[PDB]
Structures are given as structure tokens and as C-alpha cells.
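Q: One-letter residues, chain by chain:
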Amino acid sequence: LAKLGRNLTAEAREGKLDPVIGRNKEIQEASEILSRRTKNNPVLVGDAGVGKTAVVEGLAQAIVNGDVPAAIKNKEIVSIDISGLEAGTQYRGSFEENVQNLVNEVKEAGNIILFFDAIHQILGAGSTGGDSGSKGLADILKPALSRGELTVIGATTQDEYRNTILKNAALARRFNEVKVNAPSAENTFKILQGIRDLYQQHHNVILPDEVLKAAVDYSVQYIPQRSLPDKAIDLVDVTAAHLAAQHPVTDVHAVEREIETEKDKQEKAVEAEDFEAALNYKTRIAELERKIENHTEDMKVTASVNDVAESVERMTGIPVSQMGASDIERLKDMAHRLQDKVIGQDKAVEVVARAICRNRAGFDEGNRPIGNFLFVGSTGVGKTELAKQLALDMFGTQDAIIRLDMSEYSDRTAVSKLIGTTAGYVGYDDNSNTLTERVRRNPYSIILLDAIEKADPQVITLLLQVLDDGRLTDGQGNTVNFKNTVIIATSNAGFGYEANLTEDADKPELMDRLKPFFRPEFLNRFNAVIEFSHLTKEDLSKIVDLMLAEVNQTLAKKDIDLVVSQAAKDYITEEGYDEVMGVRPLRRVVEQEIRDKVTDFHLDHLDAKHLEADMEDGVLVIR
Amino acid sequence: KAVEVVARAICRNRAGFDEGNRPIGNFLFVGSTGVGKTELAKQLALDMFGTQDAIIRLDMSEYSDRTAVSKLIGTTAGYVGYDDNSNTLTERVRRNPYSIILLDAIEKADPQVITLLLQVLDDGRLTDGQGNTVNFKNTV
Amino acid sequence: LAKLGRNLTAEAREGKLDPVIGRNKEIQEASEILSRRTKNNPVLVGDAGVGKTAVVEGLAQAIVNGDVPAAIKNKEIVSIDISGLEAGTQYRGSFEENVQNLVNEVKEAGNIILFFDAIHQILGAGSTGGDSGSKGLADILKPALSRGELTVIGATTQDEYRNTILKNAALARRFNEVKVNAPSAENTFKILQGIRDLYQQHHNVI
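Protein chains in written order, with UniProt numbering: chain A, 76 to 698; chain B, 422 to 561; chain C, 76 to 281.
Treat the hints with caution; some may be incorrect.
Simulated restraints on C-beta separations [said to hold, decoys possible]:
{"hint": "1", "chain 1": "A", "residue 1": "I367", "chain 2": "C", "residue 2": "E180", "range": "29 to 37 Å"}
{"hint": "2", "chain 1": "B", "residue 1": "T548", "chain 2": "C", "residue 2": "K210", "range": "23 to 31 Å"}
{"hint": "3", "chain 1": "B", "residue 1": "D468", "chain 2": "A", "residue 2": "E425", "range": "54 to 62 Å"}
List of simulated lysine to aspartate or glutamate pairs, EDC-like, C-alpha gap at most 20 Å [unchecked claim]:
{"hint": "4", "chain 1": "A", "residue 1": "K617", "chain 2": "A", "residue 2": "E584"}
{"hint": "5", "chain 1": "C", "residue 1": "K242", "chain 2": "A", "residue 2": "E235"}
{"hint": "6", "chain 1": "A", "residue 1": "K612", "chain 2": "A", "residue 2": "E649"}
{"hint": "7", "chain 1": "A", "residue 1": "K375", "chain 2": "C", "residue 2": "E235"}
{"hint": "8", "chain 1": "C", "residue 1": "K150", "chain 2": "A", "residue 2": "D206"}
{"hint": "9", "chain 1": "C", "residue 1": "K148", "chain 2": "A", "residue 2": "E331"}
{"hint": "10", "chain 1": "C", "residue 1": "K210", "chain 2": "A", "residue 2": "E161"}
{"hint": "11", "chain 1": "A", "residue 1": "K210", "chain 2": "C", "residue 2": "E171"}
{"hint": "12", "chain 1": "A", "residue 1": "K91", "chain 2": "C", "residue 2": "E183"}
{"hint": "13", "chain 1": "C", "residue 1": "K242", "chain 2": "A", "residue 2": "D206"}
{"hint": "14", "chain 1": "C", "residue 1": "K148", "chain 2": "A", "residue 2": "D474"}
{"hint": "15", "chain 1": "C", "residue 1": "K182", "chain 2": "A", "residue 2": "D156"}
{"hint": "16", "chain 1": "B", "residue 1": "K558", "chain 2": "C", "residue 2": "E183"}
{"hint": "17", "chain 1": "A", "residue 1": "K463", "chain 2": "B", "residue 2": "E440"}
{"hint": "18", "chain 1": "C", "residue 1": "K148", "chain 2": "A", "residue 2": "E161"}
{"hint": "19", "chain 1": "C", "residue 1": "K242", "chain 2": "A", "residue 2": "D234"}
{"hint": "20", "chain 1": "A", "residue 1": "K672", "chain 2": "B", "residue 2": "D544"}
{"hint": "21", "chain 1": "A", "residue 1": "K463", "chain 2": "B", "residue 2": "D544"}
{"hint": "22", "chain 1": "C", "residue 1": "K78", "chain 2": "C", "residue 2": "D192"}
{"hint": "23", "chain 1": "A", "residue 1": "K210", "chain 2": "C", "residue 2": "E172"}
{"hint": "24", "chain 1": "C", "residue 1": "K254", "chain 2": "A", "residue 2": "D326"}
{"hint": "25", "chain 1": "A", "residue 1": "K632", "chain 2": "C", "residue 2": "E261"}
{"hint": "26", "chain 1": "A", "residue 1": "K672", "chain 2": "B", "residue 2": "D543"}
{"hint": "27", "chain 1": "C", "residue 1": "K242", "chain 2": "A", "residue 2": "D620"}
{"hint": "28", "chain 1": "C", "residue 1": "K148", "chain 2": "A", "residue 2": "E335"}
{"hint": "29", "chain 1": "A", "residue 1": "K672", "chain 2": "A", "residue 2": "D620"}
{"hint": "30", "chain 1": "A", "residue 1": "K633", "chain 2": "C", "residue 2": "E235"}
{"hint": "31", "chain 1": "C", "residue 1": "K114", "chain 2": "A", "residue 2": "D305"}
{"hint": "32", "chain 1": "B", "residue 1": "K422", "chain 2": "A", "residue 2": "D671"}
{"hint": "33", "chain 1": "A", "residue 1": "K416", "chain 2": "B", "residue 2": "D486"}
{"hint": "34", "chain 1": "B", "residue 1": "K558", "chain 2": "C", "residue 2": "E172"}
{"hint": "35", "chain 1": "A", "residue 1": "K458", "chain 2": "B", "residue 2": "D543"}
{"hint": "36", "chain 1": "C", "residue 1": "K148", "chain 2": "A", "residue 2": "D122"}
{"hint": "37", "chain 1": "C", "residue 1": "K242", "chain 2": "A", "residue 2": "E335"}
Hints listed in this document are in silico derivations from the structure and should not be mistaken for laboratory results. By construction, the Cβ of each residue, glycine as well, lies at the ideal position given by its N, Cα and C atoms.
The following block holds chain A by itself, in its conformation from the complex:
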């Protein structure tokens, strides 16, 4: 049926396959794929182009070489291309007979195996979910499964397998589950030596062992993707692309165009039978051809392994050139690296970092999402620095984070004064535009529940009781499976007191103040809690030292950099350390005080490097 398709054993008989190894255990697991006499259609799993096809091609290779038992002797494999469904019908004719014509050859041809890369869409012409009623093959093959005539094999998503329950009588009573995969870095390296000999000749590049190791050992730290085993190709591909910026302009064709001229004269010298001239041209061209071929030797492509490691930053934008051998370095130092940029209490990192530590170390129970975190505080700096700064040390950019706005969950005001009514609480922020499509790209993300208190304890109770098993069944009956997800829930906290030096006198009573909108069943699921702790009349200058740095970092884009006095604090803090507000005035005073004065002197075209921001009597007079 490779007519109509691709005969995979025929390409195996011709040596057309990539002999990748280390996947031998999945060929060992293919001992049952080939041997089961009935009800024998497995359920493979893998990524798009993962190479689980290459396993079955590796199985086909095992069939050609006789590395298989006699149960599968002389059994051909053909890949049936369902993606070419309806091709050639013009949507005026029919295809369903070309499906029964797949059956009509192999039922009598005898000893045919059939293959697919990945299918769920076959059950469109069958029993499926959202794509029910569409065109497919199952209307012809679902009988073939029930009859036991055709066995067609291939992979899909393990969570897509849930639709077996729709027609379990045809699918559950004919299938057997495969153990998914185990892409270890140990077998990666031997493959990576196979990868260079496949690609390093493309760009005249050398990819030694330290580059292959660095392509995974250095990159694994910053790749949360399932596509890591092939990320090493991207790094050496982009490396050659960036190294190719050295020699894009060799005029190899300047000599080739000379040869085509001299050869064109040579052809005319021959027709005139002038062979002193014809020989002279063959003489020159031979030298000219040797000149071209020798240009290759002046274009050796050699990255340093440090340059390959720098490729990880160039096309990602993640400032990590300082690294590293950083399996442990990040575990211990990212916690210290955080607090250098934090404005608030210091014990918050020990709560959140340890969960990033024990997971990355691998010391975590068999089924736990990271753990449920609760930060009690108020809006602004205290609310957002933790989630933002963790995301930049964990993941580097503003991608793997979702904010759950409880403002859409106001029990008091949900009468469509704002976004909607009470009925808007369900369904939309369960799987709709857009929740799940971001959870699937980022199974691992930061969840932020913004300000718990807006709703009934049952609203908030739904998510947290369900995060025990790292799995949530949505309104449509589909299950989202959570990997390694951290939730930082947030509330509007505080406490009323006698004197500002007695704010921290009543420690557990913060939870009693916040009690009305939750219960101990909600509280006891959290990892000890992160406190309310306040802005102190203490080293305020650390905020001012960073803000002043943000001024010059902002001005540095136009090569503008002033001297800024540390005495700027003396006018800022006067409102800054007000316990009523916290860190509210800090940004408002600086962005008003300096910004306007530096603007007035750019008009005089004065060089910033010789101007000094020196305040006098609470007024900034830049020198």
C-alpha cells in the first residue's frame, strides 16, 4: 500500500535509516507489538517527530536483520498517510472506497503491518470528542478492528488516549498501552556523536566532545521543554549560522565566471582546431579550479565551547554569560541573588527557593505539584516583586506566569457593573479563552491568585483541594495534568494596632483577621505562609540605591549618565518610611525629582558625565 504511502521496511532493506540506539528497550517492548496474535494494536506515545517512528523503523531494521522472533518474519511495514485524506477528490467525489481498497490488498496480500506517525483524527468518522462527525478512516477500520483483519500502529498524546471510553468496546478491547519513553542524557551523548557526523559536514564545522556535552549539560538548565534531546542541533545550527557571519562574502564565483569565459574560448579554440590555445586554457583553468577548491581551507568554522554556551543567551536574551557548572550553583545562589533585588522581608526566599531546590535536586514525592504558597500583603512592590523576580531567575522572561484576577470574583458587585455577573465565575476561568492553551505550553508555570478575599470560600476551595494530585477535571470532562507548578496565592492583609512599634505584636491574628473568607481546610494546605512584614525605618537607602541606578540605566540609552548624590534619600524618606503607605512614595519622588531636572539641561546640550545632581534645601540643583 506504499502507493499511497511509504514502505518502511523497503527503505530499511536499502540502508536508508538512521541507526540510532539506546532505544533498544522500546524494541524490547516491541516484542509484544510484533508477537501478540490478537487484540494486538498497541498505544505508543511521543512528541511530534520525537523519533518514535524511528523506533518502529528501528523495529523494521530489526525485522530486516533478523533481530526479531519468527512471529514477525517477512512482515512488511507501510506508513499509511492519513494526512493525505481526501487528496484528489476535489471535494466532489469520494474517498471511502480508497479506504476499503487499503483493506482489499492487505487482507489477501498477507503479512502486512501498517503504521502511522500520530493519529487521533481517525475517529472523526467514528467516535471522538470535539471533532466528531468529520471525515476519517475509522468507519472502515473500526469494523476491521472488531474483525481482527488490520492492525495499524503508531503514537499519540497519552492524555488524548482518554477518548477510549467513548468506544472502549472497539478500542479498549483491542489495545495495549506502551510505556512512554525515557530520554536520558546518558544515551543522548552517543547519539550526539552521531548527530555531528550527520550535520557538522554541512558548514565545515568541527563539533568536538566538549561542545556536544555543553550542548546539553549547559543548556538543560535553561530548557523547560520536552524538545531538549534535539536542542543540541539548534545550538550547533545557530552556532554555524553565527560563525558563518565571518565568511559570507568569499568571491568564489569571481573565478568560476572567469572559468566559464575561458572554457567558452576553449570550446571555440577546439572548433577552430587551435590546440596550442586550447591547451593553454585547460592549463589556466586547472590552476583556477585549484584556487577555488583551496578557498575552503581559509574558511574553517571553529566555535569555542564558551561561544556555543553564549549562543544560549544570544537567541534567548537571558543574562547568564557568567555561568558555569551550575547544577548546584543556582540551587544555593539564586536564593541570595533574589534578595539582592527584593524590597521586603528576607525569609520569603527560604520558602520559595527550597521548593525550586528540592524539585531540581529531584527530592520530591511521586506526585506533588510544587506546593501551595500564600503571601499575605498589600498591592504594589510587596505584591509583585516575588512572582516577577522568581520568574526571571527560574525562567528569565514574562511568559510562564498567569494571573487569576479575583476582581472577576466579587460576590458583592457581580451585577455587571464591571465585567459580568455571578454566572461569569464558572466556565470562563476554567478552560476558556485563554486558560488552558497557556497551561499546555507551560505545564510548570507560576499561578498567581490575586487577592483571595473577593469571594465565597467555596470558589477558592475548588482549585486548592484539587492541586493535591496535580490534576484538575474541567467543565468539559477533560483533565489537565500539572507538572511542577507553583501557586502563590495573595490576599489583602494588615492589622490594627495601638502604636506603630506594636504592629508585629499579634502574629497568628493576621490569619484570624483574614479568617472570614477561608477556613482551616484551606489554610492547612499551605507551606507555612509568607508574613505581612512591614517597611521599617531602617536601611531605606537600598531602595534609593536601586532607583538611582534605574535612572542612569534609563538615561544610559542615549549615553546620558549623571553623578547622583546618595543624599537624595534625605528628601525622599521623609514620606518614604511612612508606615501608612509602605513603599509607595519611593518611586514617585525620584521619578519626579530627578527626571525633570535632567530634562532641562539636555536643552543646553550639556554633557551628563560632568553634571552632578546635588540637592540644596530639599530642592534638586544639578551642578
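With the hints as your guide, set chains B and C onto chain A.
A: The following block gives chains B and C in isolation, referenced to the frame of chain A:
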């Protein structure tokens, strides 16, 4: 002193001294209708932009919590969706990413109605009801 | 496929292009556009007739003159006109075979690059937003992206790129983002001297 508030924002932007992500900044004029209400927005538009194009007025009269029972334009449910992306909000914001916004008379509504826009102007970006993001440049 | 289109390198070989410069950094950024062996379909950005086509024409010029590495030697560029979709069918026949016939030449002809000025509408016959279900090319090319047969390149609005999330598996796992543009007035002036010699002769003006 009203010009020193509004002109400086037209000055520091045009000079290029502005943080990496700020729409211009949020301004509030407390006053009453007539001359005091409208001269600032109109006269700034003629010195910034010269004609009656880059300016939208958000009528809070459509946001009366007390009277939205369809005595006038509509009910409470008319508060959402229409003055978020509908005929015509966004097609004017796309021609004029930079425009003057006028919120006419805050007091007509619940603080949560007015709170929506202003908490979202921090990053110069607003996600609408259809899941699309409007990106604000240099908007006052 | 310039039949059916416009062969941009052929017009580059004939000296039919406007040699605008100052955009060399976007040709330097086209070092990856030409060289990436797989998952190599960039995401350009620009204004309508901005001349980001002129960059790729400037890239085509770089290919003709050998100002490019060997990764892209003898690689032709053709502009495939999606705006002529359904042209000649009378809305009685079909076009989807004339799409598979774009594939059928270049898959075996070898060493063809394909171009578009600006596309979002391809995913109408695919996965898009408001214009989902309309006619397009993506039903034939989205497999071609997954297979790695055809790479077609061009620009759009950077905010329109948000629809990648709909079929990220075909689009996010096959694309790379371009740094948009930087039209400075410094390089404008040298162009402006090129603009007068192109137009000042039209009206006998200096």
C-alpha cells in the same frame, strides 16, 4: 499651573526622557462643566496634533449606577463590552495609538468600573473581552 | 512557480531592484533566515509597502552577487501571490490542487525559496481567529511545515503574531522571531538622495 503638569509630559517624551514602558501618565482635572472642563483637552490637541482627530471622550453618563434601567441609553449590562472594543473604540485607537483619552465625570459609577482602566495603564497594555491586547503608545 | 508569481532573484539578476542601503543589519539578521537547516521559517514585521520585501529583495541581491554564505547558494526566491487565491475558478471549480501543485514543483525542482509580502489570511483554511473557516493555503502548507518541505517567508503585524498559540505545535515549533526594524533619520538622508534621482526628473524639479 495646569500647563506645567501636562506640558512636562509632552516635553520629557518628545525629549526621549521616559521610562522603558510608560504611557504618558494619568492626569486628573477636578472641576465643573464648560470652559474649565474642555479648554485643556481641546487646546492641547491643537498644539500637539492640530485638529479634532486624536481624541476620544469616554461618556460616564452611560455608567450611571443609579439610573441605568434604560431610562436613557441602556441598563447596567451595557457597561461591559461596548466601551471595551466595540463600534467604535479600537478602530480609532489603532489609527491613534497615542491619543488623548477623556474620562468624562468619574463620579457616575462604582469605583471598580473606573479602577479597570487605570490599573491596566501601568504597562500600556489592555486585554479586551475577546482576548486581544491593545498596545498603547504615548497616550495621555 | 513564478507563473503563478514573480521570480525575485531573476529580477535581481537583471538589475531591476532599488539598491537601498542602511538596512544591512536586517540582511545580517537574514544570515539565519537563509542558513537555519530546520524549523527555519522566520517571522518578519513591517508596514504595508515598508520595503521589508525590499530587504528580502536586498537578500536576493546578496544571493546574486555572492554576498551570502554557501548555505544559500543557487537558492531562487519566488513571490507566491495569495491575493490571487481562487482566481480563475469562477467559484464553481477548485483551487486546492493548484496549491498542492505549488508543492509538486518545488519539492522536486530543488533549491527554491518562497516569499510573501504579508500574510495572516493563510490560516483561514487552518487555525486563525475571526476569519476561521475561510479559504487559504494552510491546509496544504501546515503539513508542509510539519514535514519540513516548504519554507515561505515574509512579514506581518507583530501583534497579529499572537495567534501562534492556536496551533503553536505547527507555528511555534517551526518559527523564529525577527527584530522588527529601526528606521533612523540618519540613513534616511542617504536614501533621500536616492529618492530625488528617482523622482526629481519626473517634473523637471531640483
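Q: Taking the hints in turn, state whether each one holds.
A: Comparing the hints with the structure gives:
no., hint, verdict
1, A/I367 x C/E180: 29 to 37 Å, "holds (31 Å)"
2, B/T548 x C/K210: 23 to 31 Å, "holds (30 Å)"
3, B/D468 x A/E425: 54 to 62 Å, "holds (56 Å)"
4, A/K617 x A/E584, "violated (30 Å)"
5, C/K242 x A/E235, "holds (16 Å)"
6, A/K612 x A/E649, "holds (10 Å)"
7, A/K375 x C/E235, "violated (41 Å)"
8, C/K150 x A/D206, "violated (40 Å)"
9, C/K148 x A/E331, "holds (13 Å)"
10, C/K210 x A/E161, "holds (16 Å)"
11, A/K210 x C/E171, "holds (17 Å)"
12, A/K91 x C/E183, "holds (19 Å)"
13, C/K242 x A/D206, "holds (16 Å)"
14, C/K148 x A/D474, "violated (38 Å)"
15, C/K182 x A/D156, "holds (17 Å)"
16, B/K558 x C/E183, "violated (48 Å)"
17, A/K463 x B/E440, "holds (18 Å)"
18, C/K148 x A/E161, "violated (37 Å)"
19, C/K242 x A/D234, "holds (18 Å)"
20, A/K672 x B/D544, "violated (25 Å)"
21, A/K463 x B/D544, "holds (14 Å)"
22, C/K78 x C/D192, "holds (17 Å)"
23, A/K210 x C/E172, "holds (19 Å)"
24, C/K254 x A/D326, "violated (29 Å)"
25, A/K632 x C/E261, "holds (17 Å)"
26, A/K672 x B/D543, "violated (23 Å)"
27, C/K242 x A/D620, "violated (45 Å)"
28, C/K148 x A/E335, "holds (17 Å)"
29, A/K672 x A/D620, "holds (19 Å)"
30, A/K633 x C/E235, "violated (31 Å)"
31, C/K114 x A/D305, "holds (12 Å)"
32, B/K422 x A/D671, "holds (15 Å)"
33, A/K416 x B/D486, "violated (44 Å)"
34, B/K558 x C/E172, "violated (44 Å)"
35, A/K458 x B/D543, "holds (15 Å)"
36, C/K148 x A/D122, "violated (33 Å)"
37, C/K242 x A/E335, "violated (49 Å)"
In this structure, the hints that do not hold are numbers 4, 7, 8, 14, 16, 18, 20, 24, 26, 27, 30, 33, 34, 36 and 37, in rising order.
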